[PDB]
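One protein chain omitted, others in place.
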Amino acid sequence: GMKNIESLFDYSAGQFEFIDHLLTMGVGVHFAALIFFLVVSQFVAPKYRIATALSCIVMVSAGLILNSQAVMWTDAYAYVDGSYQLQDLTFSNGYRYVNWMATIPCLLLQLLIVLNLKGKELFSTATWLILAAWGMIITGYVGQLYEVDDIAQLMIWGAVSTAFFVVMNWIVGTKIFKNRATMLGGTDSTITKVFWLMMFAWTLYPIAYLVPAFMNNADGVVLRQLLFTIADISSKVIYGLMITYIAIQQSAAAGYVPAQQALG
Amino acid sequence: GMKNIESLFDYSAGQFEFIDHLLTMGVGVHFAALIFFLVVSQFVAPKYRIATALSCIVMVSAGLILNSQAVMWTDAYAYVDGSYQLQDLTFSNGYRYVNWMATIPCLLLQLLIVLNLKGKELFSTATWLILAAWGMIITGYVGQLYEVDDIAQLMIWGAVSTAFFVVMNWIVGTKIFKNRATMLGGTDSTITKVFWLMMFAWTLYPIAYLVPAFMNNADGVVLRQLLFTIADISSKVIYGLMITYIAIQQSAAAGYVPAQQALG
Amino acid sequence: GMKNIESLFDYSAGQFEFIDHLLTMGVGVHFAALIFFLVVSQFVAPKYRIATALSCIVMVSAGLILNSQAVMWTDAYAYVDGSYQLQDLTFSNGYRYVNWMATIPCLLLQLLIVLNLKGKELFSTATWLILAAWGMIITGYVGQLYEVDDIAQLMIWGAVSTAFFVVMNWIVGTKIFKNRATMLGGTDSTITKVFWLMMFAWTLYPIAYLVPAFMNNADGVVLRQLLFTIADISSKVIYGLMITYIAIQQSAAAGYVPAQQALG
Amino acid sequence: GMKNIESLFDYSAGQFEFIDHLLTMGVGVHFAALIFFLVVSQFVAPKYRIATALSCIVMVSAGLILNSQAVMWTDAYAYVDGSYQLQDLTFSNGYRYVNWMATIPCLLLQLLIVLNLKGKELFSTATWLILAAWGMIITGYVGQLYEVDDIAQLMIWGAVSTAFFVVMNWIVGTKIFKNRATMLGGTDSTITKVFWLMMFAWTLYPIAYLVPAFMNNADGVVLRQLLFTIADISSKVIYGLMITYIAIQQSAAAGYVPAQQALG
Partner (left out) sequence: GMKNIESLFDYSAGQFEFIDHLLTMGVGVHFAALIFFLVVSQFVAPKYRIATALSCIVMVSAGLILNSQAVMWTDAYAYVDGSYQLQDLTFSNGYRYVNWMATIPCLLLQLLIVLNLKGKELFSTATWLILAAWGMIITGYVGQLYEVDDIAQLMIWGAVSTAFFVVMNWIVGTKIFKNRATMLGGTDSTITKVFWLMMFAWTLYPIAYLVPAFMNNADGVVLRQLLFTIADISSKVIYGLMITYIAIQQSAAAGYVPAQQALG
């Protein structure tokens, strides 16, 4: 009947509460980061301010999905005979997958803007990145419909998804290393750190996807929710702070005075 | 008893969850686009900033309807004997229909503004477009009261609704192709893309309306909710981003400096 | 036991759903109009910006009442043996009446500001209008406590309430027609349209009040909630848009540049 | 058992609904006033803008307490055998008392600012006022723990609380009448009105506190909720509007141009 292994298990109070703690914190980090991005946007020059606005998109969108998951978790289970047990609703991770259709494009576009791509190059790269990402996400969603039924199918759609991932990482990595030299304000160093952050954070997702294949039980479910939390904070919030920092440094270097003031 | 076919079926966990995934994503994309429109409104010249404000209306209004539907979906059904089954509330789509009474005017007016219509021509066109749209929507709403009872009646009110649609598309298509030449900043190309986007996205709605007539079952329900989601994101959020992009390009061409800065 | 006739009936799914559709739309139109008023406030000169701020009050206040009513409607009734039937809470319209104590003053004050009244005249007129309005509202609230018990009493308190209405309409109509000539920017025409808008929209409320006296049944309840919806959108949102448009035209005429820019 | 007499009674539908009407209105007046304070803050000179900010604090804080109480009221009681009766939660007023620990300081500080106190005098007066207020509130809270058990104790802690009140009113009244002459823009008249508003509104609270001692029944409960509503609107929102009006008048008198514009 069920699609996700979250819905197959009972949880101890400690497991159940840990997962609620993680989901609850995630919601407020995302909404808190939103206010911060709005306040510091005034120090970014207009030619880069879209990059900061794109972080605001991702914060609200991801914040509200987390908020839904956190409510669903407490609604789907009840404490009964010394364990939390499913009750009349089911819990799923598919909320995240569908949401990536909107947020992964935003994360990718904000990188292209601070790399200073422009015009045809900007629009071409953007298109290919967005199709590769939709490719990755849709095939991943279908795959994770088999996580209780058919691990074979999980792995096969996994592999296809991973093909798109690799193409997308290749485009990104190329544009970064080609454009690093033209970065302003000493941000060549910073953008390299961003590339590593992305390689680490983004790879947590396919690991979470494979948990059913290597840790099918309530401890795996705990692991998977922890991986998703770290990956959401790393890939969206911390990445966003680094993109905004790069935007401010380059704004100042280009002579925008609010940015120069913000830096002293 | 029931008015909509959503309320006639039981759903597998996978069908039921897919629909909740779609509804939930829609809510956050609309509220996220809101913040983006507020942040970039400062780069539009005042003569066009109403167009960007009208997008904020549409985002809030549509976002709150989606949020209602998404709550109603989880409230109307419960998982019971390995299927989701209705329980003591009913689910309906009429929330959307009534909401179009407000949002379709806003979408249409924001097009007229960036076409640079003014004065009598602006007010005349706006009036005729709004009456054509209210005509289309009211007749559609009555029609979809027959979707479980009387397909004949569904089709008849459909046909009347479609009459209004065609009138409305005719006015729009005329004003676009007449005014394309006077567009500034090379936006003659972009406005043409907008016209095709509208033709595709707006046409998804009458197709969703006909599903009871050609796929009366839970798979049709899934298809209809998918059609509404794509159509909402295409017709409101992506259309909104294209209107704002055109407004910025024309602002810069007219000599508004914040816009010129935003473009480099 | 019951005070309002809403609580006396069962509703078909179509009646019950139509009412929920109307309530839900009303909440979002009010909160959507709020964002619009904030964005265009920058085009109004400071001497008139209070008028636009007063619309923001009314939008938030009325939006939150509607939101309460919409939640109460779905909480008071459950679908049971093919009809919606009352369950353990009661539904009432008195939420609206008490909220008018705050909002009717705001609507009246925003008219006096754009009529360009000032000083003693402003403060005197404001006082008399606010007491007339409180007079109207309190007597109306008491009256509608008799809508199930005693139509006689309904009608008597009605008549007293209507006395205050007439006085209030008289003051307004006088100040409008006396001050229409001194309006700037060609807004003498516009303010006349506003006066008619008020005569139509405001009169829907006493009609809704009399429904128990001439249509005591679930169809009357449908009619009354539709009257309240149209009256709220007409009397608060569309009236708000007209007052703001008059404020912009007069600002421009007085030489405020943001207003001049906003109008080309 | 119970601490508050709210929890001792059953309520008629009319009594129960009237109280829900009052609580619901209070929430939206406070949130609506918030937007207005943010919009008109731009017309206050920076030297006084803290006063307007402090009203925003009080609006959010009091608005969210009201919102809690309004939800608890509908959650604590159910309609059963033609009356509302308590069910599995309890209703209490202590939410308000604890919230005054934050808001009474804010109300008092915003008065000191527009009286133009500065430096040592400002900080000394603020300290003594805050300790007097915490004294009043804590002793009041303890007192109202005896409203069902021991009226004797109610009255004794009342008397102590009233001692602090008197000290606090004395300090305020002194600083007002000593500083009235130095007020700018003709605000000596206005500040006197503020002092009377405070004397009336603030005194409603001790009267609501004594209702258990002189009207122990559901009609007393209705009276007490009405007194708290009037007192909240008078002491926070209307007082807020008067402090802001005085700040604008003195700003303009000091030569702040946005204020001069706002006044014509």
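Residue numbering begins at 1 within each chain, and the chains themselves are lettered A, B, C and D in the order written.
Throughout what follows, a contact is a pair of C-beta atoms (placed from the backbone, for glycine too) under 8 Å apart; a residue touches a chain by one contact, two chains touch by 3 or more.
Among the residues A:40, A:130 or A:213, only A:40 touches the chain that is left out of the figure. Here one chain is not drawn; of A:17, A:88, A:149 or A:150, the residue touching it is A:17. Per the touch definition above, the residue from D:13, D:19, D:45 or D:132 contacting the chain not shown is D:45. Mapped onto subunit A, contacts with the missing chain fall at residues 13-14, 16-18, 20-22, 24-25, 27-29, 31-36, 39-40, 43, 74, 78-80, 82, 258, 261-264. For subunit D, the residues touching the absent chain in the complete assembly are 1-3, 7, 34, 38, 41, 45-47, 49-50, 52-54, 56-58, 60-65, 68, 88-90, 92, 94-95, 97-99, 101-102, 118, 145.
By definition in this document, only the chains that are shown with their structure count from here on.
Mean C-alpha positions place subunit A and subunit D at a centre distance of 45 Å. With each centre defined as the average position of its C-alpha atoms, the distance from subunit C to subunit D rounds to 27 Å. In subunit A, no residue reaches two or more other chains under the touch definition.
Chain-to-chain contact here is organised linearly: an open path runs through the chains from one end to the other. Chain pairs that touch one another are A-B, B-C, C-D.
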